Every structure is written in structure tokens, then in C-alpha cells.
Amino acid sequence: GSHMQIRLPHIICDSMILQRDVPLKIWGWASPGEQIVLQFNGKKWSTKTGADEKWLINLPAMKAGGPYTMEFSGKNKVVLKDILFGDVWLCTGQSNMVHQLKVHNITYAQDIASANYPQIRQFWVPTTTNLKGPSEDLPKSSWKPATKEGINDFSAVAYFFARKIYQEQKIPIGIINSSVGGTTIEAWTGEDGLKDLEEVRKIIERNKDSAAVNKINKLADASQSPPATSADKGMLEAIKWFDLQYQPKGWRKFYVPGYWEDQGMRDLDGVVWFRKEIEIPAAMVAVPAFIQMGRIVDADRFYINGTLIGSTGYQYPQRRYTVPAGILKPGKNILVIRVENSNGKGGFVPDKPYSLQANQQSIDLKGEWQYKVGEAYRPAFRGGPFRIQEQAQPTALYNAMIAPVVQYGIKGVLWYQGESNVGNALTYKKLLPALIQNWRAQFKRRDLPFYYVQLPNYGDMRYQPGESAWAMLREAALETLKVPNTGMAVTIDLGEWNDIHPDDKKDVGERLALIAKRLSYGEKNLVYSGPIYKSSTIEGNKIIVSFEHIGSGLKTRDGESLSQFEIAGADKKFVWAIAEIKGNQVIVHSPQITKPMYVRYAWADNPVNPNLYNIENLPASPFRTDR
Amino acid sequence: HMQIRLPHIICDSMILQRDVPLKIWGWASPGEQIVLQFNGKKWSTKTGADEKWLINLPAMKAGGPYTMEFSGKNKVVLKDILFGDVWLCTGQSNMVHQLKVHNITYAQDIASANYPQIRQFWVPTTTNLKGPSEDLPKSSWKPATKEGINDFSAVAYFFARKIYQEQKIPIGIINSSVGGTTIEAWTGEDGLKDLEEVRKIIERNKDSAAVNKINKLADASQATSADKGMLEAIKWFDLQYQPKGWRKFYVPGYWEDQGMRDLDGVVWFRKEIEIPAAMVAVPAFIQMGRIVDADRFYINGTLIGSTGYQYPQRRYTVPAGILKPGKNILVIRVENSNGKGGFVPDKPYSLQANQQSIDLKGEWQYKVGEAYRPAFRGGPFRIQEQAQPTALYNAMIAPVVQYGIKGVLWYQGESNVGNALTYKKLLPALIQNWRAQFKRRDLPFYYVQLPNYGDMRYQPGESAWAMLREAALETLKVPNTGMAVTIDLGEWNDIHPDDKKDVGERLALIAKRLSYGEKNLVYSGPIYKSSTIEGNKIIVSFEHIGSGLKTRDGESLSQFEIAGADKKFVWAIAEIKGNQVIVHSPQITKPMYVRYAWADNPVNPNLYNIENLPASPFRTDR
Ligand SMILES: [Mg+2]
Ligand SMILES: [Mg+2]
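Sequences listed follow chains A and B, in order. When you read off a place in the first sequence, starting at 1, and then add 19, the result is the number in the deposited numbering. The second sequence runs 22 to 243, 247 to 646 under the deposited numbering.
Among the clues, some could well be false.
[Claimed, not checked] Keeping only pairs whose Cα atoms sit at most 27 angstroms apart, straight-line, the calculated BS3-like set for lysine-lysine is:
#1 385/B - 385/A
#2 385/B - 295/A
#3 463/A - 73/A
#4 295/A - 351/A
#5 364/A - 391/B
#6 268/B - 574/A
#7 364/A - 272/A
#8 553/B - 501/B
Source of the hints: derived by calculation from the structure; they are not laboratory data.
Sequences and hints are given; from them, build the entire structure.
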């Protein structure tokens, strides 16, 4: 890593949006003693590279605007063009901030097609880890605009946030998108924020020891069983089951949607094939076709008339296959789906779209299919030992994808994470404030705005009160409002029972934009939160609940009675309660609870009808009054 | 008794057993002389002080009709009496199942049935905890013609029709069967005396005070409906109801699998469908599969059908005038008290009218009417007489021990999978008990090995159903018995499979060989005899190979497993070599045990003989 000439950090490149209204640092590397001259804003700026091969130029604050160029000269020449000054938002978290407009392009087709915001730009950070400590540079990437060429790669949440802020504030908006699916808050926290967790602390130190890491990976590889040979009859028989000439023998009836565990196939992991013959009118031939096959657990190959038209390797993507003209023929067509399933309930997720579309016509793909098992996997032990997976390691993502930008000026942080911490949801009460204060320390921005997303509803619904790990995670977010300069978007009405990646990203980004408009952009009278539990008092057989953020008043979303309220006495055995808005408060009681002491609202993974709002249509946070 | 009284089985249209000395018995006042006029001759006996009389008649050849005129203080005349073969057809619900509940598959058999000399005497469900009853409940002998065919047990009818077509004598069916019942309830006291825990129950149940003390304990020691769909001012089937708060559901399926966790209670389902004019002003037929547990089905606010429990197939006939042109509203209220509520998959869901059909699978809307709170389900409960040892034997078998019969058909066991190991002893004990009580130590007893049922598995495993089938297989040691294999006739999703015809006709093969002397008839599929170990092979020998072993589908032999000493079975290669199957697995270098079709529902049990009868499942480990 000897620098022989000027090198700029990857974030300092063409089209960047730099932070307006703050002293700016322009830093980089070069050969020792190399004389750097920067031509910028009608002036020349000079510095000498140190013996550490690093250089730094300090520039005075700039107001929003542009475009500018910068010309750097030393032993080489570097020219940067199309530089703007505006507000740079660091947008971070796991897969629901990762999720890009291109995978929500049915619902947001019109937003994608009309996006013409050349001064909203995203710098997307590839997934990167460093077990040794903070990295000095992000991976190579580019600043891409919210226009035709780059809109599809924007984080959907970040785009709808940025679009709302831009329309009202009218300054360039930069998005540093640093997000990785399936990751924990510990992986995103710098070492100093985790030092009080003794077991995590020891892992951090072990991971800096290459010998120790290599030992664990060796014992993982040594014990790693060899690759398994496929026993798939559908591929290994003389005629493959997608071959147009195959004659089904031994196939049974199946119904889409559904899981095969629920259709007569017990404890089965492996490969199951599905076959359906459908009649296609001539009007859907010789044109492109579009297949929506819901969501499949775990992986599928989809063949039409023997031709592979689509594949998805894992359970999370929605199946959306574009079929070229000429595959479908008039009359009888053979659809064959090979479903591979390595763990849990394989099959076709219900409450999802299953259809084939062409020429503004649609054919239903739900209903009767035929199935035959191609392979059943024999059970085996699967608990380890495992190699050290870097993105699961504490600090590893912070080090490589956050630490390199600490010198880059930023306006604030948007954070949407927690799905991967529901197993230590109680601990998250400490983990979230620790991350906030860690990033503030490392950025040297003790005032840095940090706005986060409370987890949405997800999972099976229940019709009796019960305990909930998701609810505990939502409480950790609620209680973190004690940290100065924070805000929380409630999303309990935006999720889906059957998907951890819900489609409605627009309302997430726009609810975060309300927080920013009030707290970062000084819109002092803007209602930016739904009702937030403040306090409660017991009066006889009733509990009276007071709230902050009532806007112009409390209401129910549907005009029906308040739902999802519970009440309990000293024994904490909760029952569904009667709840009624009176003035600015909610009165809770149950004829079954004589001496009530505690109230819960929307305390579940997926409350059926959380209908407490303010008149400004923002949902109340779930809460409990017991501790 | 001050007037002559005949047992309920001795009545008009009765089929009496041919070719045996016959007993005709009854009651009258003490000392009353009873005179029977029959077959051109008079018979006389005197009623004893115990109010009972008996007349012994000589054997009769098959035929009829005859009359019997009894004269005591009053006269009784019976007419339309036939002599033929009387089969006592017994067991639980798959013997109960009547042609009327299989009238889609057997519509034409029902329509064309014209056998006035095949007659069924159906016994209503009855129990007696005190001991053997002396009379059956009132019933009648009904013929297999249009007026009585629908009430025939389907298994018994298909047996009787096959026997009649070849043997050409009147066939009587004494149908004594009760759903959900155990073999112990069907066994007389003497057959259970060696099961000490059962014996103690038999004696307790004879003590009416002791039973009442338990029942009155239950009447003290053991919830209000909150169904919004019935209790809101506008009920959810009212045509004017406006759905608010309804969500999407997909039929077939269980709600546990569509987002409603741990939910017992009442869930309502709503679908609006477009009806073409050709389907209006004519009768309509709704098949709504099978529903767990109970349902009420409304169309345009009018209740068109209901079923109170999970077992019946839903088949509702809707009169002309309910359906209208255009938009029609279907509303189903489903109640579920235990287990997974909803709509059973792999069932028909459709509306038919005027040769057209509309799919009822697909997207419905749902809303929960009520969710039952958890509560203790263990009672205590009153003593249920149908569940008590001897209680069904006492009231539905014991009263006919003096009636001449040809043989017994038995189809039971589903309710004994919980003590399947004990069934190895219970089945021979019932056979020997009935033989003793009927004073027929040679009585033919032909039974049904349980069919396949339940979820399929793709790895070897244990199975209580398989143990129940082994009990049947091993009971073939008892003389004058025979077993029908049904491992290919059941259904994965129903304990009441539709194919009753093959059950009855496989039993008829057993009777034709063993009761009607058809010497060279192949009447059984291959039956495991023995096996030997030769290196890494186990060679299995079979009886009843007919004209040879084969596979049903022409593919490799399926469902064979092999294990070594540790009894860890793996799927094995199996090949037919004569009257033998050579079993081996490359993984098992020291094999000791073989299993075939050892599962609740073997995927492809394909070992047959050339005459198309299935081999019995078996294991060689014990
Ligand atoms: Mg599976
Ligand atoms: Mg249930």
C-alpha cells in the first residue's frame, strides 16, 4: 500500500454532494512529501503530504449549490466535476433499507418512470467487512442520480425520504447508502460502543487475531462434510420432468398457494416438482409475458414448455419472471416448477400473486397443480462447527462501511434495523443508544441527528394477549427517544403478515421525512409523530392514559372502537380491554379486571387492527405500562 | 308378558340361515302353548315359568318365500321369509358408512340395485353396561332395491352383491356397527377377563350407583358464545351486511397456515360469485370438501346447509330460486373447537347447476367471529357407554347369538391405534369370544386390515397404524379367519376413504374361497412367511403369490427397508426372484431385519401378485 502519487478516497469523486454550511475536509494519500495543489472555487489550495503518506486540505463552509470542479495536481492529475453542496444523509440498516426501487417496481412503477431529480444522488456502498479495525477507505463506487439511469438502484426508503426533503427544502440531497441484509446492530457498532459487553469484547479481540480466526475456519473446514450429490429423479431420470415429452407417472394433486407439509408431505426437505397444463389464447402469444409466482421456499426453477424462464435461489425475493415472446404457444402449455427446500416449510406462500399476464390479459396460477418428489434429503446434524462469517461479527460492518466516512460532512442519519436482533430484544434497549453515541463520537458530531424506524408489524396474528419479542424491540426504539436529537418513525400499519420485506417503502421514507422537516429543517408547527405514551394513572377500575404528539386530536383510523388495548391487575394476566378516547386521553378498563394496574396497546408481533392515530394520520406507538 | 312377543330380528322379510338346525324363540305368559304353522306342518311348545319359549326347526334349503303363523292367546303372522346366508357385518365407522354417503362414486350401483333377496337388518346404536341384552332394538329387514339400497353399509352391500351374483341364494346382512368404537366395547365379558384393568371397569359399570357417583361428580366438577357474526345488530350473513375488517383467505387451507396462530373459535368466510343465467331457476349442488369442525353455509342470506363435525363430506343440495343472475353472496361460518380449523385440501370445492360448474377454491374474505380462550379440556366426564368394555357387544351382538349365521365381517381398529400392541391379543380374543357366545367354534371371521391413512413420509419411521396392521396379519394363525388388505384403498386426508367397493369385493374373494368352496381362486395378496440372511441380502419368502409376484406400476419395488442389529432402517433395494424378494442396501453390510410398507401411509406400496391383490405390509423384527 505504498502511495506513489495522489489517491483520493472513493467517496470523493465525480458528482459527489458535499455537505453545505460546514467546514470541509478534503483528504487523501500520496507519496511522502508530495506537494498537492487543489484548484477550486477560483482559488488555489496547497498542502504537503506527510511521511505517513496522508494529506488534508481544509476548505471553508459552502452554501448549497453548484456545480463546481476540483483539479488536484501532484505527481499526477485528478479532475472532479459536477460537484454539488447540499445535505448528505447517511442511510443505514439491514434489508428493509437495502431494498431498492427495482424490487418495488410494480407499486412504484410511476415514481420510477417520472423520477427526474439530477440533484438527488446516492453513493451505494458494496457489502464489505474488516475484522482488524476501522478501514481508511470505502470500496469503489459512484454518485448516481435520481434520474432514468440511476433511479432503480436507490434504496426505496431513502429515495422517498430524499424526494420529500428535496421538494420542500430545494437543496441537493446526497444519500450515502450503507446497508446490508440480515445484519445485527453489533456488526454496525464501533469497538468503543461494545466494550461493556464482555462476551462481545472477547470476540472483537479474537477476530483481530488472524491465527485464531484461521484455526476456527480450519476446524470448520476439516469437519465440513463434502458436497452432497443430487439424487433428483427429475434431473437424473432418462426423461427430465420438464422435458416436453415427459409422461407424468406417480404424480399427485397439489394446491397453490400452500406448503407441502400441510398437503400430506411430512418432515420433507428436498426437491419437489410441480406441473400444470394451461390453455393460452392466441392473444397472449407472440408478445412478452409476465409471471408472478408469489414467494417460494426456498428456491425454484420455472420452466415453460421445457424452457427455463426463471430462477430464484432463496426464499425472500418475490418471483417476477419476464418471459420473451415465442415461449408461449397457442393452446396447451406446460408449466413446471422445481422447488428446492433445505429447511423449514417448503412450498408457495399464501396471500401472494400467482398469475401469468400478457397483452393485458391474466391467467390464474393458483389452484390445482400436480406434484412429484424428486429428492428427499436425509436428516443430518447442522449445528457446526462453522467458519467465522465476517458480516456476523461485532464491529465488522462499521469498520469497512461506516468508519471511512467519519471525516465526510453529513447532515444526519437514517437507521432501519432490528429484525436480526429480536432474539436479544431486551438487550436492544442498550444496543441502540450505544450505537447512536458511538457513531456520534466517531464522527465527532455529538449533535448528529439520528432518526430510526420502529419495526413494522410482521408474522402470524393472535386473538389472545401474549408475549412478543418484536414488541420488545419496538419498546427499545420507543425508549431510546430519551437520547437527544433522535426521532422515531412508527410503522405498525405498514408491514405484512406473510413477509419480512413489506412493499410499502414510501410511507416509511415519508414518515422519516416528517421527522427531518421538524427537527432538522425547523418546521416548528409540523405534526411529525403519532401519539406517544406519556403516563397513566389508576382510577378505580379504570386506567387513564396520557400521550404526547396528539396533533389536533386522537382518533381511530377506521371510525370503529379502539382495538388492541389490554389491561391487567397485579398478576399481569392481560385481557382484551375496552378503550375509549376522552378529550386528549384514552380510558381503559375491563369488567373482568377489578383492580387494574397495567395497560398494553398493540403488544404483539402483528396486531390485527392497531387503530389509534392522531388526526394528522400518524399511528400511535405500541406501548406497555408494565416493566 | 301376557301376549306373545317375538324378538325384533324375527319379523317380516327376515332371512333365516339355510342348511342348519334353526331356533325360533320368544316370550309369552307362563305356561302358554305356542303353535307355529310353517312349511305345511305344525310345531308346538310350552312357555316356561321364565316367560320364554323356544321351537327347534329342521334345516331349510335356500329359497322362499315362506310364511310363519304363531298361535298362542293371540296370533302373529310373519311373511316373506327367505332362507339363505346371513352375514354379521360389524365394526366402526368404515363398516357403518352407507351407500348414501358414497352416492357420487356409486350413483349407478345405487340406481341399478334390484336385489329383492339381499336384505339388511340395521341395528341402531345401543349399549348395556349391566350385561347381555335379550333383544335388539326394533328395526326391519330392508331389501337392496330402490326403497332400501341407500341405507346399506357400502362395504357390506358390495360383499353381498358379489356373493349373490355367483352363489345365487338370498343374502342377509345383520349390520351392527358404531362409529368411533373400540374392540373392547365389542367384546363380551369373558373375552376381556384376563385384562385386569378392563375387568375392573366391567365390574364397576355393572354397579349403577358407582357409575352415577362418577357422573354426578362430572355434573359438578367439570363458556359463553361471543360470536360477533351472530351477535352484532347486522349478522354477517345478512344481505345488507357491509364487510369491514375482512382479510384475504385461500380455499383449501387451514387458517393456522394463513396467518391465524393458535386460534380455536368461529371464523366467517365470504365470497361473491357471478352466476350465469343458465345456472338460475334450476337446482344446484354445492361440494364444499371437508371442513374442520362445523359449518353453516349461506347463499344470499339463506342457510342452505350445515354440518356439525369434521368427518362428513360437505354435499349440499340447493333448491331453484336461491341463486339469482349476477352477483351472489356465499357466507360460511366455520366453528373449530380443537386442532386446525379450515378447509381440507385435496377435496372438491364447487357449485354445479345445469351441467355447468363454478370453482369455489381460490380467494375468499375472512373475519374472526370469536376466539376461544384457553381452558381445561380434561373434565372429569360422565361415563360414556359406547366407550365402555362389553357395552356394545351386550346390546348389539349378544341378543342374536341364537340366530343362525353364515359368518362375520369385521372392519375396525382405527380407534385402537393407541393400544396397537395390545390389539395382537384383543383381535383373537374377540374372535374366540364371539365363537363361544354364538356356540359356533368354527364361525368364519373375515376382517379388514386397516388401509393407508395420514401424512406420507419420505424416510423410514415408526407407525402405530403399522402395528395395528401387524396385529391383523398375525391373527391369521386363528383357524377359519381371513384378512383383506386395503393399503392401496385409503386416502391421505380422510379416515373415511371413498372406495368401499374394493373392500367389500376383497372380502367376497375370501368368502368365495373359504366359505363357498371355490378351490383354485386366488383370494389373498402375498403374505410374509419367513426370511433368511445370506451375506448382505435378506431373502423374504411369501405365501399367496398367485401366479407370480409383480409390481403394480412396473417400476422397482418400493417401500422396502433393511436394517442391521441397531434396527436403524434405511430404504433398500428389493428385487423379485420367484416367490421371494431379495432385500439389501449397500449401506447395511450386516442386515438382520426387513420392513415393507411400515408407515401410516406408504407412498407407493407396489408389491402385488399377478391377480392384482396387494401384499400385506410386514416387518421381520419383533
Ligand atoms: Mg421442508
Ligand atoms: Mg384451531
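Hints that the structure is at odds with (numbers, increasing)
Result: no hint breaks.
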